[PDB]
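Assemble the complex: chain W is given as a structure, and chains Z, B, X, R, V, C, L and D must be docked to it using the hints.
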Amino acid sequence: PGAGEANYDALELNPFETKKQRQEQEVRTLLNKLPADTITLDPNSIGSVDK
Amino acid sequence: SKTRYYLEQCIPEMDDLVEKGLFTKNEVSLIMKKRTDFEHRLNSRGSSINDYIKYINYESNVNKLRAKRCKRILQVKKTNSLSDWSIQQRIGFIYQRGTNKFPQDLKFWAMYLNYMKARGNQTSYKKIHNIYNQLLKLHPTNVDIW
Amino acid sequence: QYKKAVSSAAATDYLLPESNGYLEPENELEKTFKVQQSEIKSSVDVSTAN
Amino acid sequence: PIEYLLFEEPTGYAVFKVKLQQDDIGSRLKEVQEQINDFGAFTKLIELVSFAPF
Amino acid sequence: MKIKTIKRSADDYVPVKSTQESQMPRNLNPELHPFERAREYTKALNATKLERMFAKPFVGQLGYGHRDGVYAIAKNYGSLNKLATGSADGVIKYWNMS
Amino acid sequence: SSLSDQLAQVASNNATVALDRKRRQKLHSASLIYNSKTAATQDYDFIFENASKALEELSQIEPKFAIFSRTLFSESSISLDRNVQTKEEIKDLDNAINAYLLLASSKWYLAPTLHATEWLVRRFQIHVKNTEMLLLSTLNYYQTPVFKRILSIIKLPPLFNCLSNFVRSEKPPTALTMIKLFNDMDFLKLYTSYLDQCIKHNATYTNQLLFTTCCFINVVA
Amino acid sequence: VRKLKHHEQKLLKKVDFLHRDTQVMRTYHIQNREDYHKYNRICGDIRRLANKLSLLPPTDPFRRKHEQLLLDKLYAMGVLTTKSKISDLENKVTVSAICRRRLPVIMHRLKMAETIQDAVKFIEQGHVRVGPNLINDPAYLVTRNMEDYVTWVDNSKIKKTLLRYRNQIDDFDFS
Amino acid sequence: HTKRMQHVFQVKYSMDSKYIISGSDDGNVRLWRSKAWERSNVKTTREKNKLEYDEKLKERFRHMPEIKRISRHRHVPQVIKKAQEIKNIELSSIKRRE
Amino acid sequence: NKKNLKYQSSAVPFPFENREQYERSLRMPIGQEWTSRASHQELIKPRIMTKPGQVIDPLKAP
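Protein chains in written order, with the authors' numbering: chain W, 404 to 454; chain Z, 2 to 147; chain B, 52 to 101; chain X, 3 to 56; chain R, 1 to 98; chain V, 2 to 222; chain C, 2 to 19, 27 to 183; chain L, 344 to 441; chain D, 836 to 897.
Among the hints, erroneous ones may be present.
What the hints assert, rightly or not - Among the chain C residues that face chain W by a calculated CB cut under 8 angstroms, a handful are:
hint, residue
1, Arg3
2, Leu5
3, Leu12
4, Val16
5, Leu19
6, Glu75
7, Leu79
What the hints assert, rightly or not - Derived pair list, reagent style DSS-like, types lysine-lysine, alpha-carbon separation capped at 30 angstroms:
hint, chain 1, residue 1, chain 2, residue 2
8, Z, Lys3, D, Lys880
9, V, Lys88, V, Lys27
10, V, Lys27, V, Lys92
11, X, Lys32, L, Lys378
12, V, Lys108, V, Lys181
13, V, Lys156, R, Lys17
14, C, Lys11, W, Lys422
15, D, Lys880, C, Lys6
16, L, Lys399, C, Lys15
17, C, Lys11, L, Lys346
18, Z, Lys118, Z, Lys78
19, R, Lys43, L, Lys386
Source of the hints: derived by calculation from the structure; they are not laboratory data. Think of the CB as a built atom: it goes at the ideal place given N, C-alpha and C, for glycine as much as any other residue.
The shape of chain W in the complex, shown without the other chains:
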């Protein structure tokens, strides 16, 4: 009865995807793929400052 999350988010994952939406979104994610070395233990370590 309560396993999956009832209300998803279209910008990320559509259970309903017309072929054109799917391919367009594929190119979208391909553009914005994160660099491999961004993977770290704390996903905020990009922001800070040092000199």
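Coordinates of chains Z, B, X, R, V, C, L and D only, in the frame set by chain W:
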């Protein structure tokens, strides 16, 4: 998109309406399902005056239900809230959108005028003027309108 | 500014499209783990049963 | 500063209200000339207001 | 034993018409949208790359020019087409930049 | 039982669920009066207003249809969906629709019946969920554009392969083909059950009985 | 993936994880991409043997004997026709030479079948024999002498019809 | 900078703030874009929002080393490059004798 | 877990005065996926905005 803009603009009065004890979460959510259906039908191409009219009719019935609900559940003629004028403001917004999209339909223009005049207690003498100015400019050779 | 942002997120929450589903007893004699997949399929919607 | 325009037609006069102004210096550029051709951008620049038929 | 599950109305998600634009549910749950810093950093980096490949400054020159080098320019502070240029030849011109 | 078979079974179960835009335009484009384009573009409100007018005309013809106006022809009937109801409510729908087809088998020469049944097709997907009843209802009108269109939009249960060969052609099915159909032995049991239902509900008429008896004669012949 | 547009090409010019191989596929009809890669790797193997044997001191009986062994064995395989050179070995041993040594191509130049695809169909249907024994798999490089002794299997419809046209059929041999 | 523009003697910035006019003594009155991107056409609201979002994001991440390297790389004539390194040398000299 | 310099920033960008101002703004995100539409707009509204083809007189008020 623009539908998202309209829905979020609708949120706060919904917040107020649930906050005051006269609409349950589920009922309000159903109301928003219907709202979203209408919003997409207007925004998407191929829409028609029938869609605008049905949207208006649904909202008017919601307003009536809200009025009777506040009459019954707390026996107050008028809550000093945001909603009580929010629904009619949205109806006016619908009329304006419909007429800016189909300035041809005399029947819709006339529904607009009848609504605004009949609710004329709170409305503007000036607002009737503006509607009539715009209509006359668009259809100068309608002696019926004149 | 941050607080304005999170209040906006909460309003979106009023705007969500659906609702999670649950499973509760109503009672004390019977317990949840005693239900059977046949019982659920009988008691629920045909799209899910399919 | 082009607030309105007048357009004569075989079936009567039309008057349009200019909503935005295309930039005045860039007018000779490929980009603004194309937006004149396209219909989507012309609607953003112009909305009809009046129409008196003959 | 009151139960219910996630039931979707295909009528609600996939519109009956063909022209009608399907709806895009949105959920602003932070755990649903996972990478803020890395995602936005790459959006900004792509943005600067696009800036560099769209920088095209020169837009054009004004007629055939002046014979002998330009030494006076004065824009019209009232209008927007008009400037006035003048050259060491002694010849002054009033340009329509539109 | 190969995985392909098992998935064919599941596709049959989910025949009428529109899981994406393309499948929806198929299921909605299938229609009785309008061609594919206009069918795909129009809406439940339009279809339903036409249905209300048509069924009002039919009720004026004979008073029986009022109950269907009450139960299958309301704005609530605009709202509901086949797929999100439970098994019991599915059976209730099926009983109601079978009763309506039994009534409507008698006036298949009226554009009112054509329009009302068009509503029923387009909203409750009879042309997929229950086609045996529909075909059995309209079988004796087999020389009519209405029946040609029903073949065009239908999916054929395994008994009607003869009509299957005549789908999407231009010439009407012939008496000899109908005689093959009846000459089957299982189909005879099916049609026997249908006549039993018609009799117990006292809803029989000449043309239908003529076609039934002529087919039985030619079967024994 | 989508024939992606100009600007996004410029950002992502190299993101495609999805044509001499195909050219030979069409010109001499070799069987598969892995087949073509096999021939390329064979040629590379030969090249590297040449390089390393050259690195070996040229004034060595071992190196020179092994060179002559290699070149003779290649000649016997019939990929090349000459014997007097080594630069021949480094240059003209080609996927083209191997693929023209391929059996259906041999059938075509020796004129068994009018086309490469008809030749391969005949190999499948089992109508050819090399010396005693017949051949079923086209990717069969035929040695010099053997390709000289290729012909049909006996009592096949193909030979029967050939002889019928010639009016030289002879049923004693049950041709 | 251009190979065909020399001794900029007069500069005037335009009354719509969008363009730059430059009179140069080779006899020419060129005119340039103030921001080298902003095409003059009218932009659909979606595109406009995306562009403003671009600008906000890169103002946010302006000082990250990769983005700074990319958005500061601009090609300059060799005369200006060499003059700049010489001028830097002279300033270092002054500074350390001081 | 030594932090990475290439993705470490360099100096507080302009519109901020202090490192902590900078850090908190980095805590708040802009993109469409993390804020409602209205908040996304008013966060990306640029400081100075001009109408397209009009002339900008200097201000005059007393």
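Against the structure, the hints:
Checking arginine 3(C) against chain W: minimum C-beta separation of about 5 angstroms stays under 8 angstroms; hint holds. The closest approach between the C-beta of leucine 5(C) and any C-beta of chain W is roughly 6 angstroms, which is under the 8 angstroms cut-off, so the hint is satisfied. The beta carbon of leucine 12(C) comes within 6 angstroms of a beta carbon in chain W, closer than 8 angstroms, and the hint placing it at the interface holds. Evaluation of the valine 16(C) hint against chain W yields a held restraint, the C-beta minimum of about 6 angstroms falling below 8 angstroms.
Violation of the interface hint for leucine 19(C) is found here, the shortest Cβ-Cβ separation to chain W being roughly 12 angstroms, above the 8 angstroms cut-off. Look at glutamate 75(C): its Cβ only gets to about 49 angstroms from chain W, farther than 8 angstroms, so that hint breaks. The beta carbon of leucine 79(C) comes no nearer than 49 angstroms to any beta carbon in chain W, farther than 8 angstroms, and the hint placing it at the interface is violated. As the CA atoms of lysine 3(Z) and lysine 880(D) are separated by approximately 17 angstroms, the hinted pair is consistent with the 30 angstroms bound.
Between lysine 88(V) and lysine 27(V) the CA atoms are separated by roughly 25 angstroms; this keeps the pair inside 30 angstroms, and the hint holds. Between the alpha carbons of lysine 27(V) and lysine 92(V) the distance comes to roughly 25 angstroms, so the proposed pair stays at or under 30 angstroms and holds. For the hint linking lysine 32(X) to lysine 378(L), the alpha-carbon distance of about 18 angstroms falls within 30 angstroms, and the restraint holds. For the given pair, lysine 108(V) sits about 26 angstroms from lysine 181(V) by alpha-carbon distance, which is consistent with the 30 angstroms threshold.
Simply put, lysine 156(V) and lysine 17(R) have alpha-carbon atoms about 23 angstroms apart, close enough for the 30 angstroms limit, and the pair holds. Restraint check for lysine 11(C) and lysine 422(W): satisfied, since their Cα atoms lie roughly 25 angstroms apart, inside the 30 angstroms limit. At most 30 angstroms may separate the alpha-carbon atoms for a hinted pair to count; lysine 880(D) and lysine 6(C) meet this at roughly 29 angstroms. Taken as a hint, the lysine 399(L) and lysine 15(C) pair is honoured in the structure, with Cα atoms around 29 angstroms apart against an allowance of 30 angstroms.
As the CA atoms of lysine 11(C) and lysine 346(L) are separated by approximately 27 angstroms, the hinted pair is consistent with the 30 angstroms bound. Simply put, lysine 118(Z) and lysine 78(Z) have alpha-carbon atoms about 22 angstroms apart, close enough for the 30 angstroms limit, and the pair holds. Taking the CA atoms of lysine 43(R) and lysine 386(L), the gap is near 20 angstroms; set against the 30 angstroms cutoff, the hint holds.
Of the numbered hints stated above, those contradicted by the structure are hints 5, 6 and 7, listed in ascending order.
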